[PDB]
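Shown here is one chain on its own, the form deposited in one PDB entry, set out as structure tokens.
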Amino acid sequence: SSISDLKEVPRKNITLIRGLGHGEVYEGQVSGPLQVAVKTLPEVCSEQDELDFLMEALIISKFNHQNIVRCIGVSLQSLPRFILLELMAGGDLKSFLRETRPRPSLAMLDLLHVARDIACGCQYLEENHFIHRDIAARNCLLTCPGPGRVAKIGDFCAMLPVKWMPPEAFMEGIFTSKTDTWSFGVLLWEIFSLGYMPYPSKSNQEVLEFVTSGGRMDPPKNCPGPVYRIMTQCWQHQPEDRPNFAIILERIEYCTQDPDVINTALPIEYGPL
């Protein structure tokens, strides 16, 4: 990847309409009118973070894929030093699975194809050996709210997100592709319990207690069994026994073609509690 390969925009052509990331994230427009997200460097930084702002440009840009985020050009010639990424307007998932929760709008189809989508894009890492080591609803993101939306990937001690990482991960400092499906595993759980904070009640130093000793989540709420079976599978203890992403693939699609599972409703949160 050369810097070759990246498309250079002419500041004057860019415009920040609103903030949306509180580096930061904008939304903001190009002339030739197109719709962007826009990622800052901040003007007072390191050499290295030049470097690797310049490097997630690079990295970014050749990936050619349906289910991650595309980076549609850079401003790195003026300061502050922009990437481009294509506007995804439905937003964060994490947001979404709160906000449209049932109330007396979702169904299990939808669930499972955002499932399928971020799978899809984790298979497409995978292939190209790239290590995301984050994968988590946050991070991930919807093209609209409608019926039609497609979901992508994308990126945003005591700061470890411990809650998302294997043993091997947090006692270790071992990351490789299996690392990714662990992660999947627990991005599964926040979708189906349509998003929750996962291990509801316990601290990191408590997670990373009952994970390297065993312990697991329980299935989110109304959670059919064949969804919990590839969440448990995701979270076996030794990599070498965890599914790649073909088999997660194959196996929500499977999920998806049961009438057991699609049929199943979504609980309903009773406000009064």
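Rigid core (definition): largest C-alpha set, two forms, superposition within 1.5 Å. Residue numbers count along the first chain shown, from 1. First, how it differs from the form deposited in another entry.
- Following superposition on the rigid core between the two forms, the residue from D49, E209, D241, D218 with a C-alpha displacement of 2 angstroms or more is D49, and no other.
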Given for the second form:
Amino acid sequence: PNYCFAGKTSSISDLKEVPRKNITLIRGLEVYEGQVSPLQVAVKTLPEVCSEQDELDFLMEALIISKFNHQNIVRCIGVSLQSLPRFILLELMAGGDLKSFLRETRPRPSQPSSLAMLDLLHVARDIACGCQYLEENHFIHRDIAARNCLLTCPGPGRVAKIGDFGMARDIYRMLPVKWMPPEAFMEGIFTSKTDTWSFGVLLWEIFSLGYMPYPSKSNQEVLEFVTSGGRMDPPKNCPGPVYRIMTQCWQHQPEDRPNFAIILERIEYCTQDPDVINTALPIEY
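Moving on from the form deposited in one PDB entry, kindly provide the form deposited in another entry as a structure.
FYI, this one's just the chain on its own, none of its partners or other molecules.
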């Protein structure tokens, strides 16, 4: 089984196999926190009880992640496929996944400024850079969403990175309906503009502080809503310029939507506008 990315073909043999003795599991997080000799790592494990397909899936996932080279995509430290159970070793992202972080770190009476608008813009900017990298390398992610993003740490130095490529893995060889543009439902045509649409939904998730998109709508209701021109309202307290980026991401015609270079440019503008970043987030009770 080969994998083609950018200007290079690669196989299992090119994967950096780490001697099993050098790998220690520290605790569960099927993922564990681990150590390699000392590098902190996350360990994704393939269950020994699985089918042939699970094994090629696991292998293709390792190939995919191992070929990426960008600071906003989680690194693959290596693999251990010659011992059971098989491991994929990933950069350990201590802040956890983005969706959970937004829900746990919402401004509250016990910590009214735990998070501010600039923090959310930096996360959006980080993922957008990741996405620009995928775009310019002609890789379509297909599942951009907060559940698939990770943070290096809880505190103010945090960096957001794209952390899961399972959907792209399957496609290479379960539509995330609420993150999908109209043409995906009706034409099944996918483009980097597909990711642009998803990023807009991700933006909404971020600035809502981790709400489910289209609150109160089922998948089919969303599908009909969006196909007929409907769009989400801004998240509570969302700055007008940030909502504008979302709605630009959600233009009905793919070609009307910005590429990620333009998105990054507009997020930076937002970061430079004091009227945006001086906006307070809602305090939750």
